[PDB]
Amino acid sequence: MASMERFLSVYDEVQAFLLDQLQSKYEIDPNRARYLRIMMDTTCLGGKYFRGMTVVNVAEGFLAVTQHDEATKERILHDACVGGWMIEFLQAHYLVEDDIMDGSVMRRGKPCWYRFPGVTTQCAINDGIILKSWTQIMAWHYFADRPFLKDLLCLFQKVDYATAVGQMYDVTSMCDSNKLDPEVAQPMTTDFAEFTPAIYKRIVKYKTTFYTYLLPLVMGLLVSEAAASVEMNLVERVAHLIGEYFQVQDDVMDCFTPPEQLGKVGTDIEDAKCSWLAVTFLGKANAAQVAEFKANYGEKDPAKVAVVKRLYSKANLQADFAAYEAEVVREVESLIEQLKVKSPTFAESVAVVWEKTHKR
């Protein structure tokens, strides 16, 4: 069976299980089960499934080199699918709540969930809660007797928490740290002293890399009982490297990709986000360019957003990007090498993960 068709079948199975359980154990009525079915589909489906499919790919890698009964191969693949969906639903929770937090309009060329007419924020916040809750329901049902249960739950728990911490670092990235205070409304930075590479890297490490790269790779290893085939410090390193790269592309696209292809009107400039573009521009700008960026950044006004796009264009950030891209290609190749000392198989899975990131 092809990997994707398997993965999607398991979605239907998991859906049926969740909704059936709601009826038998939580007293749900048919109409509210229908609302939750629609919410699930709308929030969990329509993407590329890159994350969930990475768990399946890693597991398939190991299957090709490890002796097992056919029923065990099936169980492993079914576990990798279930695990893949836990990450997809975790993502879905974070996109629902982030979209509400950020006042976002669209996502993937469709309205954000909370904007649907029969949803509203009042229900969407709690729908997002449920999305994450279903990750735990899945795990305890399908993995109840599995040896990896505790390691999987503890890892998932830490990556969820890292993710929420990342969100905090992202939403507070335009404030001055010394001024954070629940009692006082937060001014936007005027010095941009905190728009540095290290500060950027911390935001991206936590807000994206743990759930997008570390978790799929390590879940793949856990459902394969293969964690001893890797040096976990190397899996971490490569994950952060690849994840940082992924985000830099997303940061570049928010500004320069046309909204129809993007799935979104980009607002990082107006939101004063600590993007790769802002940081890289500040890292090469002259005094006059810095003052012009400060006078225009983080304002709704289109004339000022255009001035910021103009400064980025004239600053030749394509050069800085190609240079970054070079160095990442270099570092990721070294780490893949270091990954072959213990698992050719695993190193190859990371190679595929890198190819799918580095192309898109």
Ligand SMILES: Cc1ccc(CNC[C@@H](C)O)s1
Contents of the next structure:
Number of protein chains: 2
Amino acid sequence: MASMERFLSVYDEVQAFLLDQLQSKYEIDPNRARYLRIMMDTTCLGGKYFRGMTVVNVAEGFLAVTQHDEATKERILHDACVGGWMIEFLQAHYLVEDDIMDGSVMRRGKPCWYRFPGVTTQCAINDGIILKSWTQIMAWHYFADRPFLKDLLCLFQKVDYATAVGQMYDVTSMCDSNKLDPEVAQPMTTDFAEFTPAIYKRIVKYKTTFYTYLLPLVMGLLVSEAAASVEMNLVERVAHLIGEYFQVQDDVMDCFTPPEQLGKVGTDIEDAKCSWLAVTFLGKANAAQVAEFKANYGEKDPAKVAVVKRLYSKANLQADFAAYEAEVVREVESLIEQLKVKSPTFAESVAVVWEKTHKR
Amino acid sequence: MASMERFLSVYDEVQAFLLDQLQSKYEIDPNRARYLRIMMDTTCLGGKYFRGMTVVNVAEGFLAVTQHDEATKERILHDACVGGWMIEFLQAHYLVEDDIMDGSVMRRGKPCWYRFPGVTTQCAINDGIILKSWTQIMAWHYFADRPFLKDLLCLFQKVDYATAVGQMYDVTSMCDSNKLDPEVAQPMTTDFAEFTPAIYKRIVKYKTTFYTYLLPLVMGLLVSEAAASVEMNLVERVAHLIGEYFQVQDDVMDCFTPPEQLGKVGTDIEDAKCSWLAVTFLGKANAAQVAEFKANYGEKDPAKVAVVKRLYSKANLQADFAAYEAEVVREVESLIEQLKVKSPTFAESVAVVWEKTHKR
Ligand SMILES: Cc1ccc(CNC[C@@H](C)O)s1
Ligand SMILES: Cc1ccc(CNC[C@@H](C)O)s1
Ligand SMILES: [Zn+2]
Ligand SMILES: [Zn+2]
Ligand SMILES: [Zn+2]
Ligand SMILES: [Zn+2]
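Output the structure of the form solved in complex with the named molecule; the preceding block shows the form solved without the named molecule.
Next comes the full complex, this chain leading.
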């Protein structure tokens, strides 16, 4: 069986399990079960399943080089699919809640969950909570007797928490740190002194890289009983590198990709986000450019946004991007080589993760 | 040391631990740490700590009848305090998110977290997520080598999930089940056919009783290594009984207690909640009363709310309440006696829980 058809089959299985348990142990009625079914499908399906499929791909890599009974190969692949779905559902949680927090309109060329007429924010906040609860129900059901249960749950929590911390770093990225105060409405930064590479890196490391690259890689290792074929500091380093690069691409596309390809109208400029474009622009701009950026950034006004866009196009950020890219290729290749000392197989999974990130 | 001063001390300890870890492992800066500190205090403190103190009280009960070294007594009490704080922080999560979902104004005579000028919904949704993540960080840190870790985490998740399911039952309680549909804006029920005792009970069982009574009781048992001194079906039954009663009182007070005592302007009528008052009113009203209730319920209009209030006062619901109360006293006393067969001590903790609920 091809990996994707197994992964998709296990979604159906896990969905049936969750909804069946809701009827048999949580007293749910049929119409509410249908609501939850439709919520699950709408929030968890329709992406590329990159994250969850990474778990599967890492596990398949080990299967190719490790002796096992056929029933064991099947069990490991089923565990990798279940684990994959945990990460997809964790993402679904965050996309639901983030869309509500940001007042987003679309995601993947469809309305954000909370905008559906029969959902509303009141229900959608809680739907998002359910989504993350369902990751725990899956783990406890399917991994109840597994030797990796503890490690897997402890890893999952730490990544979830890093993610929520990342979200705080992101939504507060345009405030002056010294002015953060629950008692006082937060003004946008006027100096942009906190739009640095190091600060951008911290946002991205926590908000994105832990759940998108570290967790799929390490969960694949866990469900394969293979954590000892790797130096975990190397896995973290490569994860953080690849994830930062992933984000840099997304930040570029938010500004320059037509809405039809990103599946939304990009608003990073209007939201005054600490994006790779803003940080890199400020790292090369002259005095006058800086002053024009400060008078136009973080404003809904289409004229001011167009001035910000024009500032970025004139500043030749494509050249900064190519240089960033080259350097990432260097460092990622280096880390892949270091990973080969202990696991060729694992190194090749990371290679595949890198090439799917780099090509797109 | 008195129980409450130990419990309060452990809050300070757990807070210091969480914030210190944020600086040492999550790269947090001082001002964001202060924001989180203030968030934690504002959301987790200022109630009666009934839930968390139950954990402590159950543990102290066992300490009085079980032989242990002094260092062991201390460790069990520290575990009970930490476990207590997990449940308080879980509540804090739900109160944050519920207040945002319901557009609430006040809670405990102070503004809801999301209303603070320097918070906003964008940050508050995520603050609420952090609050629940911090329950997991606490458990993994303080209970890492404990034999009850698995059981405690599995119980915690199931209660969290039941709670979120309860929330879905509550916010959808005024819709017709057969009309639930993410695609279609939900109309308020016109027939109120789903305002029954059984349906009310399901909302309350999930939304309230699992986290407020079942989890504190069973966590006390867990941290005491005492789950075998009880029949767990009896613990569940008594929990569900006491919790329903708790909710019935809150539903009565939402309508009739001055805002100064409940710490808010009650809105159950305007929100068209499936409250004990509405269900019990509909269980005794004549045709004309029913028709007047349907023309006035679930409307912001102060005149219509006052008509709903007047309908409840004329219907002598105090007498239905006294009868409900008597019957709960019967059943709770019965369950306490059944609990004595295996643990006098545990039975006496439940007695104390009952008397603190019943007296208030
Ligand atoms: C924690 C997260 C919030 C949003 C995420 C997905 N990244 C693309 C989005 C910003 O459009 S992950
Ligand atoms: C899951 C929960 C939502 C709200 C809760 C606290 N009960 C009083 C409130 C309704 O005013 S628990
Ligand atoms: Zn966001
Ligand atoms: Zn983006
Ligand atoms: Zn509510
Ligand atoms: Zn209430």
